[PDB]
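Engineer: For this one, chain L is given, so just place chains P, X, Z, R, A, E and H with the ligands on it according to the hints.
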Amino acid sequence: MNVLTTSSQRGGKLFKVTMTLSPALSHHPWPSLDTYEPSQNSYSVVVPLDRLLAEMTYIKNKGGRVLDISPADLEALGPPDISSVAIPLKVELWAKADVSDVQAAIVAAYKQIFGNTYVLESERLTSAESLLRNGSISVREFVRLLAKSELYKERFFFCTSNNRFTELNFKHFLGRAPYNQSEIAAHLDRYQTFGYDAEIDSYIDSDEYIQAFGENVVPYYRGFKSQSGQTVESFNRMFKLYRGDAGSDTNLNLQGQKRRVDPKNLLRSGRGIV
Amino acid sequence: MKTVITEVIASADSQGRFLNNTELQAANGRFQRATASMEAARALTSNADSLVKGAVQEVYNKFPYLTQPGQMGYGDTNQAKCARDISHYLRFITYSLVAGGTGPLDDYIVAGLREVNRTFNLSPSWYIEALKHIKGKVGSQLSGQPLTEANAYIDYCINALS
Amino acid sequence: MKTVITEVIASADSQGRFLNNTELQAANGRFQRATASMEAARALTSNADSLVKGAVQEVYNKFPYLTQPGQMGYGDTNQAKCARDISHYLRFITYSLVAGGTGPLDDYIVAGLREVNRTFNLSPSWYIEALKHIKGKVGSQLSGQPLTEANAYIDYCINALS
Amino acid sequence: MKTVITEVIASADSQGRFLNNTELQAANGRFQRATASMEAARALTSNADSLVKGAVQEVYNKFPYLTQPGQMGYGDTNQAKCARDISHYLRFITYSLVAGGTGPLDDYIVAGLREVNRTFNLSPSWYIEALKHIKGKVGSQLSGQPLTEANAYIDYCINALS
Amino acid sequence: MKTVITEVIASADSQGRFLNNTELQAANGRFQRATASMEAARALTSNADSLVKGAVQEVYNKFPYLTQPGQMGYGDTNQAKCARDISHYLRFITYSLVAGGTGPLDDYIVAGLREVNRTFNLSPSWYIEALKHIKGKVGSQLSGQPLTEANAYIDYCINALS
Amino acid sequence: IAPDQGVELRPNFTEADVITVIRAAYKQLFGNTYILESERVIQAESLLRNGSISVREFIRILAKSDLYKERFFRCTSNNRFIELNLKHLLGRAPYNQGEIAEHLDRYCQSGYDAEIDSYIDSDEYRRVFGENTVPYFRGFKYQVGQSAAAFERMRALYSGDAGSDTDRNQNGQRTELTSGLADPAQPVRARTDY
Amino acid sequence: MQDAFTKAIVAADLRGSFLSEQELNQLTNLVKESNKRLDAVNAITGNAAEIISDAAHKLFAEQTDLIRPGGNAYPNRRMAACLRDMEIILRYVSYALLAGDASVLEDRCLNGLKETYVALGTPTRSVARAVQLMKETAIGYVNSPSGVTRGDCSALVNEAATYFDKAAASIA
Amino acid sequence: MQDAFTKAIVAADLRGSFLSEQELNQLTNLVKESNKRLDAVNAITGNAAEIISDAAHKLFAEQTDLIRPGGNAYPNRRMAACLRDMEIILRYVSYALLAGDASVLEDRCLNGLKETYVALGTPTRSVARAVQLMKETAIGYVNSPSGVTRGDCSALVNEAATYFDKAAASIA
Ligand SMILES: CCC1=C(C)/C(=C/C2=NC(=C\c3[nH]c(/C=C4\NC(=O)[C@H](C)[C@H]4CC)c(C)c3CCC(=O)O)/C(CCC(=O)O)=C2C)NC1=O
Ligand SMILES: CCC1=C(C)/C(=C/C2=NC(=C\c3[nH]c(/C=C4\NC(=O)[C@H](C)[C@H]4CC)c(C)c3CCC(=O)O)/C(CCC(=O)O)=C2C)NC1=O
Ligand SMILES: CCC1=C(C)/C(=C/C2=NC(=C\c3[nH]c(/C=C4\NC(=O)[C@H](C)[C@H]4CC)c(C)c3CCC(=O)O)/C(CCC(=O)O)=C2C)NC1=O
Ligand SMILES: CCC1=C(C)/C(=C/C2=NC(=C\c3[nH]c(/C=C4\NC(=O)[C@H](C)[C@H]4CC)c(C)c3CCC(=O)O)/C(CCC(=O)O)=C2C)NC1=O
Ligand SMILES: CCC1=C(C)/C(=C/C2=NC(=C\c3[nH]c(/C=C4\NC(=O)[C@H](C)[C@H]4CC)c(C)c3CCC(=O)O)/C(CCC(=O)O)=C2C)NC1=O
Ligand SMILES: CCC1=C(C)/C(=C/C2=NC(=C\c3[nH]c(/C=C4\NC(=O)[C@H](C)[C@H]4CC)c(C)c3CCC(=O)O)/C(CCC(=O)O)=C2C)NC1=O
Ligand SMILES: CCC1=C(C)/C(=C/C2=NC(=C\c3[nH]c(/C=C4\NC(=O)[C@H](C)[C@H]4CC)c(C)c3CCC(=O)O)/C(CCC(=O)O)=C2C)NC1=O
Ligand SMILES: CCC1=C(C)/C(=C/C2=NC(=C\c3[nH]c(/C=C4\NC(=O)[C@H](C)[C@H]4CC)c(C)c3CCC(=O)O)/C(CCC(=O)O)=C2C)NC1=O
Ligand SMILES: CCC1=C(C)/C(=C/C2=NC(=C\c3[nH]c(/C=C4\NC(=O)[C@H](C)[C@H]4CC)c(C)c3CCC(=O)O)/C(CCC(=O)O)=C2C)NC1=O
Ligand SMILES: CCC1=C(C)/C(=C/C2=NC(=C\c3[nH]c(/C=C4\NC(=O)[C@H](C)[C@H]4CC)c(C)c3CCC(=O)O)/C(CCC(=O)O)=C2C)NC1=O
Ligand SMILES: CCC1=C(C)/C(=C/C2=NC(=C\c3[nH]c(/C=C4\NC(=O)[C@H](C)[C@H]4CC)c(C)c3CCC(=O)O)/C(CCC(=O)O)=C2C)NC1=O
Ligand SMILES: CCC1=C(C)/C(=C/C2=NC(=C\c3[nH]c(/C=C4\NC(=O)[C@H](C)[C@H]4CC)c(C)c3CCC(=O)O)/C(CCC(=O)O)=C2C)NC1=O
Ligand SMILES: CCC1=C(C)/C(=C/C2=NC(=C\c3[nH]c(/C=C4\NC(=O)[C@H](C)[C@H]4CC)c(C)c3CCC(=O)O)/C(CCC(=O)O)=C2C)NC1=O
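Protein chains in written order, with this note's numbering: chain L, 1 to 274; chain P, 1 to 162; chain X, 1 to 162; chain Z, 1 to 162; chain R, 1 to 162; chain A, 1 to 194; chain E, 1 to 172; chain H, 1 to 172.
Hints should not be assumed to be uniformly reliable.
To be verified - DSSO-like, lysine-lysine: derived pairs with alpha carbons at most 27 Å apart:
#, chain 1, residue 1, chain 2, residue 2
1, X, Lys135, H, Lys36
2, P, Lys137, E, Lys36
3, P, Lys132, E, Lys36
4, X, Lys62, H, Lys58
5, E, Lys36, P, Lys135
6, X, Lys135, X, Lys62
No lab work stands behind these hints: they were computed from the structure.
Okay, chain L solo, but in the shape it has when bound:
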């Protein structure tokens, strides 16, 4: 039932389903009380298209809750290829650029900071780019200037929860997944009492940020490689965070901007207080 092979038999579109079952579907044949196996708390099964409506109806009745439906063939092509991003190409900005040096930087900051969503030409931050070109500001400010912009506020903040925002923030600004439940919490409390702007500053003035990017380096991916004071399970979070080269942050998804890192998963790396 778990992770599948193959698709169809006569022909179908296999969908794999996931639920949470009562002892009504599955119980042991024991002398007392009806219980399902504790590890099949959420169970998944792959069903071809016709049997599918009948299965969902049954599951819902006898008590289960469907958690997901997704085609099997989507889910057979693995996990993302990460070769482009295991070790990236660094893009920095020199004192006295040749101009198109500066052209390189802007295109990359865009891609990285905005998480590969398209920024259309009406959309670009032109006055701010003027500033970088004249020196005036360094490659750090545009990383900070873009983040406080409406375009950044609008595709990533306004329409999703704070859990999601912060998780995106780590990916964009720091290039790495969020290590602890404390990190999520520490941030949510800051936004709540100092506002959005103070909270944005907190990733860009951090010691972690400063070491790796310094001030003239565009933030680049770095979570597919071992880092310091990183729990070990933050390397699996990175797969959940980045979905491949053609994937992007996208707020235009049918289901909306949502999570990607399970809250249960974060707790595995440690729980304390505050």
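Structural biologist: What follows is chains P, X, Z, R, A, E and H with the ligands alone, placed relative to chain L:
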């Protein structure tokens, strides 16, 4: 979808087994038979228009009362949905001819037939009589093994409805 | 006993169903194929004597040591039981040819083969080499679809033994 | 045979359990209800003759063509077997009334209905129309809870036939 | 992995039951037996090198033809993979000795043995003869209950291969 | 058998337990009949070894296999096939001739694979074996709601451990239970030295 | 399961022999008549429903006791069982006819059938008659079909009859 | 399950149409080449064991890590599983080749499969390679067989290759 090819493959798979001489002999039957089948298919295909109008009318001529007001052979929509339905049957007959088995008929018309007809107050008798008529006329469009094939599938539908 | 005829009947029965055009097309394959099959059968039948002596010897020529004392190709009884065994294989090959399927081979030689050979210290390699030789000589007794049939079944035995 | 009494007993037995207050409360319903049921039963019983002739005729009046030659409402034997069949339905309705459940209807008319009607070319529409008519007339033989009971079972047959 | 300890625990678990005097008596057997087992293990462990070279050679001395060109006892790679394979067997024998059961043999050599040997054209006879030889020499490295243990497991492999 | 001990297979199982569950499932579904290594459903055993299917779904794959169709369906009368499916999948004998009739009507309407699914998706299968227990013979106990004749009928179907359900000799393909069921008349043949 | 070839093979094997030139040509003839055989099986399949229906109408025309209360084809449940058995037997007769051997009929259908009916109280003589009527109509169809090439099918009509007659004899 | 005809039919039906004269003749051509197709499927069946064996010998020749302890084709149990999977994939490729459509391969075998191997710690790149070797040898046999009539089988050899290549791509 049931064809000679899918059937032998299904039988091999279910015994965890490569196709053997038994199964390939079977397949040769289906391939040897394609010529007659496909001749029937082409004749039924180009005459479709008139085969359908012929059978539709025959349903009213055999059940005169259907065409009176308050009845189910009256008004543009009933008579339209009828032509369509016989056309569906002829369509799947040609598909079954081309496919080398009853699969298309089994999957798209037989599975569920009675439940649908019973909910919608559609008498099988009409459909049998549509098909009996189509069978009469196909007697002079084809002959030999193409006719036998056409007949095989028309009769298959009539038995599905009895 | 697996033949095209028994297979289609089995498949009908198990769905509680009359034989339909799918199943009769299949049967026609088996009947159309009988001529080539039965020519192979007649040629293998009359050459049996020499095909067997040819293959028996080839087992000793390929495994010279078998014919030394203390070995399993020595003495009248081993060499007698060998000829017999290859003769059993050719016999069931002709039966499979005539029957229109692997049934006779499946039921009388394949089911149980390894257990028996393992208890009696009989190496499949001998039997494969007997059959490889029989396959070499049957190249000039037959041709066309009779040869393909003979080959189909000889190869089927060789795969059963690997 | 499904009655309130048999149902509660079945449910107890299948849990290996004595009848408890849940099951005895249920039984009281069936016993409290007997008076209305049995009044319906007596009225349907003595009017049977005419209820049957009324419904038989109504099948011909609603399907005029049935009574023409070559048709299934023609000749003594068809018209005889029709009266009989409606009489069977009314009989089982009275039984279901008296029994306290649909059992008699389920076991003697519903189980198998469609297969039989389909083999014999009997349209449910006739039978629904026989029953719709019987329902019209039973409006003035009964009232109150006896009528509700009569209705319950007549309607049960009409749904069985749709 | 089958040991006396895992077996009794498995049997308790499957009846939802604490270990009782039956199961603890069993465990004492396995623990009382460890001394003889582990003496066999140490002797087989330090002689491994020569036990393997002795058995490898004996396979060629008993099947002389293996060492001729075109054969499977010829060239560095065949002869290398052979030593390795006998070494695998002795290794799992020592493991089974130390573990208190056939588990290591069952899981790492027996499960799948025949399929592998059959695909790769490896005759069990060689391996039996390797083991028969190892059994001959282990007669003078051990005695008493350590020898009985060594024997138990060598014989277990020989039966797995017949 | 008194109460035969039913084999439960639990998660994070090494193999020896999986090999024992596979042997138990084969002994239950095919009786004491020899199965060749070439006749084993290696794909289904591999899916069970990988934990990708439950013991219930492994039994569904074995019961739908062409080998189970050749031994129990092609060689036997429909009523004896139903008697044997109740024995192999549910560990019990039929309670009433109406139960044999409901399975026979489902077989005639929906075909073979739907009859097999009807035993395995039954609330009775889930209540007694769940997803992880191999089916075991149960008709030697009285259960709440069980007919007393179910014990005698289970004993007639269960010729002891040495019994072959495929025996072509004069009684093994005949309906041992159906002769009795239709009515008031009998008990089960005990092969009769017991 | 046997067919006519498989039967030959089993008898040959019991001698320890390759098929006799006798047996070979008997089987060559079966292949010779196989198109006719396919039409004959097709005649039954293509009219199965009517064959059962017409047999049925006539069975109850003759034996009006079966459809009275007390009768074995009353009420609807029993009539459906009787109609179902008519189909089952016609089915296995058609299988035997494709096979050229009665074994599937005898082994999967006729074996134990009489004793089943007696246990049930089903009047076997009436069942035998229903089989005789199916035979009449089935053969009718084998002999007079849609645009089949004209020739002689009497050998096949006989053989079909013996399958109907086996069933009747076995049941009565 | 689909075959090449069934596929045509499904696409036609989605238009609400009788098959196009376009589609008709594409299928007439498949019938035209069907004897060659039968030989091609027969080439694989007749050498299945050697195709798997030879692929295998060569896979472990290249990747000697799989047969060391720690390796995914060690000990005997795992090697037997690996040999079994080679057979399973070769089997569904032959089915697709008889059918003229990949669907049975994609639906019953491949498409997924990758996620199974991922959980099994089975190195998918090695499995992909074993499939590439089966392809080389299988096609070898399709192209150079016992007394088949001489002609051009390249169209069929390509199509067989795409089934091997589908499986490889799906798994790696
Ligand atoms: C593999 C061996 C195994 C374990 C360990 C197991 C645990 C387990 N405990 C369960 C329920 C339960 N477990 C408890 C236990 C407790 N309640 C409390 O308040 C206490 C804190 C605690 C006792 C110390 C309770 C109350 C339920 C029933 C929950 C409910 O149905 O509401 C269930 C649900 C099925 C059932 O109710 O039978 C499972 C599977 N099942 C197993 O098969
Ligand atoms: C707990 C009580 C219970 C419910 C409610 C239930 C629902 C249910 N409906 C199902 C299928 C189905 N349900 C429908 C229903 C519909 N199709 C339409 O187009 C309409 C919109 C609608 C009818 C109004 C159809 C068509 C299927 C079959 C889907 C398929 O197999 O393709 C299935 C899959 C299993 C099966 O096909 O038997 C379940 C479990 N099952 C249960 O056990
Ligand atoms: C809690 C302490 C801790 C551990 C243990 C840890 C493991 C870990 N290893 C990772 C990647 C990696 N780990 C390796 C390791 C190897 N590649 C090989 O071929 C060898 C077999 C092996 C070295 C012996 C490689 C190559 C990657 C990068 C994978 C990729 O991006 O493609 C990642 C993804 C994030 C990243 O790339 O930085 C994590 C989280 N992370 C942690 O925070
Ligand atoms: C894919 C194969 C397929 C078939 C065969 C099919 C039959 C079919 N016929 C229908 C209706 C109908 N069928 C007819 C048939 C007729 N009216 C007459 O004048 C004649 C008496 C007769 C033609 C012989 C009528 C009148 C309706 C409308 C019924 C209604 O909605 O009241 C409907 C209900 C949905 C609808 O209203 O279209 C279905 C599903 N549907 C399918 O998808
Ligand atoms: C119906 C199909 C069928 C087959 C295929 C068959 C094989 C078969 N070969 C056997 C023995 C034998 N088979 C051979 C074979 C050979 N000896 C040689 O010189 C050669 C190396 C080789 C021939 C290539 C030998 C020597 C024995 C005697 C084995 C013994 O009893 O020690 C036996 C043991 C019973 C007996 O001793 O006859 C069987 C069952 N039996 C069957 O019933
Ligand atoms: C115990 C419950 C029970 C029911 C309900 C029942 C129905 C039933 N009606 C039948 C026939 C029949 N039913 C009718 C019905 C009618 N003819 C007309 O004039 C009207 C249109 C219509 C009445 C509304 C006709 C004409 C036949 C003869 C069919 C034939 O044999 O051709 C038959 C076939 C056996 C026979 O010929 O008697 C059954 C079993 N049988 C039962 O045992
Ligand atoms: C963990 C337990 C375990 C065992 C027992 C084992 C046996 C084993 N022996 C093999 C090959 C082999 N085994 C031999 C054996 C021999 N050659 C000779 O000179 C002698 C005749 C004989 C030794 C008595 C040979 C020659 C091969 C190479 C076969 C080939 O690839 O052609 C292979 C194929 C993979 C490979 O080529 O290494 C396996 C799996 N593998 C295991 O993992
Ligand atoms: C639908 C048809 C079907 C396929 C394709 C299938 C694949 C499959 N392969 C499996 C295991 C396996 N597959 C392999 C295969 C390999 N090991 C290697 O190193 C090589 C790269 C490769 C051989 C070329 C191995 C070694 C295992 C056992 C893994 C383990 O248990 O550790 C399993 C787990 C169940 C089991 O072990 O039986 C499945 C389900 N199962 C199926 O039912
Ligand atoms: C359909 C409802 C139903 C009934 C009635 C039933 C009777 C029944 N009683 C049994 C045993 C038994 N019954 C008794 C009863 C008695 N011993 C005495 O000395 C007393 C005279 C008497 C008590 C008043 C005993 C002692 C056994 C066990 C016999 C044994 O195993 O040795 C058994 C064998 C199975 C078992 O032991 O569970 C059945 C089937 N089973 C049923 O399912
Ligand atoms: C409880 C333990 C147990 C025993 C003892 C047992 C015996 C037994 N032996 C059987 C068959 C058999 N037994 C033999 C045995 C022999 N043939 C001979 O000629 C020799 C005299 C003899 C060997 C020494 C044969 C040949 C068959 C197959 C009979 C047939 O199918 O024609 C069968 C029928 C099922 C099957 O074929 O698998 C059973 C049940 N079954 C069991 O479960
Ligand atoms: C192997 C293929 C096969 C056959 C042949 C078969 C026969 C068969 N007929 C049965 C019943 C029946 N058969 C009939 C048949 C008839 N009643 C009459 O009056 C007529 C004389 C005759 C019709 C021509 C009837 C009425 C019953 C139901 C008996 C009852 O329950 O009272 C039953 C009891 C189970 C059930 O009712 O479904 C079986 C097993 N079952 C099978 O699986
Ligand atoms: C789809 C499965 C399938 C069928 C059904 C099939 C029938 C079939 N029947 C044929 C001949 C025939 N079929 C019959 C049959 C009859 N003659 C009569 O007068 C009787 C009414 C009837 C008795 C059964 C005759 C007489 C011939 C011509 C002689 C012959 O070819 O043997 C022929 C040879 C071509 C021809 O002459 O038309 C074919 C192909 N072929 C197939 O592949
Ligand atoms: C038992 C199932 C069955 C098979 C296997 C079968 C094969 C078969 N292959 C044929 C032709 C052929 N087969 C091939 C095949 C090849 N040519 C080559 O050079 C390649 C090496 C190979 C590529 C696959 C060719 C070229 C022809 C002749 C052209 C044709 O008939 O299409 C023919 C026509 C007669 C002939 O020319 O020999 C038959 C009947 N028929 C059957 O009923």
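Engineer: Each hint: holds or not?
Structural biologist: Against the structure, the hints come out as follows:
1. X/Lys135 with H/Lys36: Within the cut-off at roughly 22 Å; holds.
2. P/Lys137 with E/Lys36: This hinted pair holds, its Cα atoms lying about 25 Å apart.
3. P/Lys132 with E/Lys36: OK: P/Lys132 and E/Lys36 at ~24 Å, within 27 Å.
4. X/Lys62 with H/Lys58: 26 Å, holds
5. E/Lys36 with P/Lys135: Roughly 22 Å separates the two Cα atoms, so the pair holds.
6. X/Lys135 with X/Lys62: 15 Å, holds
In this structure, none of the earlier numbered hints is contradicted; all agree with it.
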